[PDB]
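One chain comes next, on its own, written as structure tokens: the form deposited without the partner chain.
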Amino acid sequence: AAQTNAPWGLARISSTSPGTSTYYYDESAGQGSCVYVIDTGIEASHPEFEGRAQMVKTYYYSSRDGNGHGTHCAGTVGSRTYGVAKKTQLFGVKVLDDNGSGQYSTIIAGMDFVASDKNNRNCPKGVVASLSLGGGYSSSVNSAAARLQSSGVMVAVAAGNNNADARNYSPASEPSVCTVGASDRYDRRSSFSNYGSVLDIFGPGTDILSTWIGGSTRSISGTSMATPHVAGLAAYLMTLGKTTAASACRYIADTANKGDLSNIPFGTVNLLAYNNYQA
């Protein structure tokens, strides 16, 4: 399949070169997989989700996304126009309030929720969790993310936006999950992206167009935007049978575009997510 005039980030992950504008992907498009978006929620009624999104859990008086961040991330995973995996099922878990904040204990609970809740859902091709959040280092947050991974969910987490070594942030610093940095349309490391030995992969993160609340769209930047590209890619590759939840992060790194990014500090991987689709 070919989607013309796609957002640059979709075109980048199906290309060996920057500067193209068509997203190429296998038509299966993540059908039969599931992605949990653990965030401010998702505006499930947005036309771009086509009935494939639903809220399954909140820790606040409402399950609505009053912020937009969760809706944007979900759009990059799985919306019809802006999404990597256009036929995946999206499940929203609201661990962040409408200001974008949440306590670590609520975030841990939402991760354990997902590890259990997947046994209530039909996801024969596999289960992914996208975590576009983080804070200072916490062993208990890392352990929660390692549990979710070990339960059979591919966990993708944002590296952080501090232009610093991600070893001091959680859950970015957990070795067993997939930690995603951000790049821009010229194949430079995004100026804000964390780096370090704990990063596994880079994805498009600057000026990322996706869904927003009120049935709208908008372009924002952050490693929070790179992470759902990789989460959606994992779901896409698992539907194709190419990899499993346990090995998807390693598979994505092995099949990535290598050496293409600039402004990568010494000791950080120079790997850009790539779907290796050959029409």
Contents of the next structure:
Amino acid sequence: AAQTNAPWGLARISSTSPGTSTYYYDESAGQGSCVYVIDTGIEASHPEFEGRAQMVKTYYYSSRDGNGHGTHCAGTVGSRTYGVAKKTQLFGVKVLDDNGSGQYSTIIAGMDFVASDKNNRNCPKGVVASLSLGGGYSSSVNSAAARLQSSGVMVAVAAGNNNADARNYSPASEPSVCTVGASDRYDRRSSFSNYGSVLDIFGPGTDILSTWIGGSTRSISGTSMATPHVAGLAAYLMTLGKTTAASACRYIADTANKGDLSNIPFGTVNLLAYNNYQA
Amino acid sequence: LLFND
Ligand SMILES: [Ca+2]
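Would you generate the structure of this protein in the form solved in complex with the partner chain, following the form deposited without the partner chain above?
What follows is the entire complex, opening with the chain shown before.
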């Protein structure tokens, strides 16, 4: 399948070179997989989700996304127009408030929740969790991410936007999950992206168009935007049977575009997520 | 510029 005039990030993950505008992908499109977006929530009623999104848990007064961040990230995973895996099932877990903040205890609870909840859902091709959030180092937060991964969920987390070594941030610094940095449309490391030996992979993160609240769209930037590209790619690859939750991060790194990025500090991987689609 | 870590 091909989507013409796609958002640049979708085109980038299906090409070996920058500058293209068509997103090429297998029609299976992640059908049969499930992705939990752990964030400010998801505006499930947005037409772009086609009834494939559902809120399953909130830690606040409402399950509504009053911020937009979660809806944007969810759109990059699996909306019709802006998504990588256009037929996946999305589940929203609201661990961040409408200002985009949240306590570590709540974020941990949300991870533990997904590890259990996935056992109540029909996701025959596998389960992914996308965490576009983080803060200063916490061994407890790292442990929660490690448990989630251990339970059989492909965990993708943002590296962070401090232009610093991600070793000092969580859950970015947990080695067992897939830690995602951001790149721009000219194949440079995004100016705000964290880096360091704990990164596993880069994905598009600057000027990413996706869904927003009130049935709208907008372009924003961050490692928060790169993370759902990788999460969606994992769901997509799982549905194709190329990899499993335990090994998807490694498979994505193995099959990545290598050496294409500029402004990567020595010691950080130069690997850009790539779907290897051949018609 | 954050949309985060
Ligand atoms: Ca890792």
